[PDB]
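J.: Residue strings, one per chain:
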Amino acid sequence: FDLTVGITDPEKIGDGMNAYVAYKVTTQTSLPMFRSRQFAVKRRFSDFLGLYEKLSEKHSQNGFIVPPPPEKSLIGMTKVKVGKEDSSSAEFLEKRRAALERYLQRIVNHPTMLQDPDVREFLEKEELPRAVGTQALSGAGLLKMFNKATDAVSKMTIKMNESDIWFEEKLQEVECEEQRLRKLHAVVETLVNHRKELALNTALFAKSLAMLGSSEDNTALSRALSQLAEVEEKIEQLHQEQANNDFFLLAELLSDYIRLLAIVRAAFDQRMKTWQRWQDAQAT
Amino acid sequence: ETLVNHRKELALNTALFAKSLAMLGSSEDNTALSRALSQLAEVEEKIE
Amino acid sequence: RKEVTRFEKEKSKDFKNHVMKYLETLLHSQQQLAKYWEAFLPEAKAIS
Amino acid sequence: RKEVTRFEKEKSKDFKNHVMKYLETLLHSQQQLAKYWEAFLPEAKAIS
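Protein sequences appear in the order of chains R, E, G and U.
Letter 88 of the first sequence, counting from 1, is numbered 229 in PDB author numbering, and no numbers are missing.
Letter 27 of the second sequence, counting from 1, is numbered 356 in PDB author numbering, and no numbers are missing.
Letter 23 of the third sequence, counting from 1, is numbered 496 in PDB author numbering, and no numbers are missing.
Letter 40 of the fourth sequence, counting from 1, is numbered 513 in PDB author numbering, and no numbers are missing.
Some hints could be false.
DSS-like cross-link-like pairs, simulated, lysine-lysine; straight-line CA separation at most 27 Å [said to hold, decoys possible]:
1. R:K213 - G:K484
2. U:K475 - E:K375
3. R:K222 - R:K337
4. G:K494 - U:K518
Calculated directly from the structure, the hints in this document are not laboratory data.
Given the sequences, and given the hints that come with them, work out the whole structure.
T.: This is the structure in structure tokens:
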């Protein structure tokens, strides 16, 4: 495919907890809206997720389409229940790279909306914002929580339409789907916890083989120790690498899928708000 | 004997994984995925 | 609704991600597993 | 002390019980495992 990129070098921006890591991002993209076939941008995250939220309010006002999350930081010790940094140190940065690859693919998926060239030049250049990206100003969501009371009394007059008669089957369907995937998410991460004491238990079994194979001269048993401990460690690393990486990736997949579900809930909530805007407009 | 206790919730966890495969393989028409369900559940039970 | 068709296309895509997951699972499981089977049975002719 | 020699002989015997344990372990693991490998790869040529 025409999108050929490369993201390397998790370069830190000093000392702290969950703030900023620079990314060496080399982009060799075709399709000459990309400028010159050879760019290598250095981009720091937790700065263009604010650009993504400008994109969020932008497609709120004009009904456009945004791509998967450019996941930010302030997540290891806050807002997540919980996150670990030694597992993050390169690997959750690779999960950022996966979410960014899905970002790239679906930002190519809206090609006319990809030709909003300001944000494309924002991505393929370096003009990086400063480190003030940790604050709380979600008063817009507070006003949404205020207007939820008007939503709860107007929702029937919303429901008298016909497009939602095409739509609400997907609503109830995705409700039972989100219930059964949040339950399967929890039991999957329970297995991710389970495998760790599995691996420690079988590793200490191999160590106890090495222990109790002492004080004996049945040297075939000694070769059995020396072969069994290492093949146990092969099985250990095998189901260990499967048991983490694909399970927690499918978990991130369903998680930002739930995020996409929540923002499309908010999308037809904005459609609802503009509905009652023209409704009381024509009434008055 | 701690491993003998461990394997029981291992087996229940992976059996409920195969059951959740059978669950979430509904509401979709990608019938290769349906054959994947019908083959994966039983080979998981073989490993179990 | 065109975006709805687009994210059923990514339903196909991430179901395909689980499909290629079990594809590489069967692949690397079979090749690595049976590789040390066929590399450790000829030493287990009679050497433990 | 002759009984001591006798129960080092049963040390050899129950160590041999673990030896025949891993003997049947490698045996049934390899034959059953690789049996459904060679029985489920020809259906996984392209059928899931």
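J.: Does each hint fit the structure? Answer for all of them.
T.: Consistency of the hints with the structure:
A hinted pair counts as satisfied when its Cα atoms are at most 27 Å apart, and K213 of chain R with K484 of chain G qualifies at roughly 24 Å. Of the supplied pair hints, the one linking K475 of chain U and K375 of chain E is violated, its CA atoms being roughly 48 Å apart against a limit of 27 Å. Restraint check for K222 of chain R and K337 of chain R: the C-alpha separation of about 19 Å stays at or below 27 Å, so the hint holds. Of the supplied pair hints, the one linking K494 of chain G and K518 of chain U holds, its CA atoms being roughly 16 Å apart against a limit of 27 Å.
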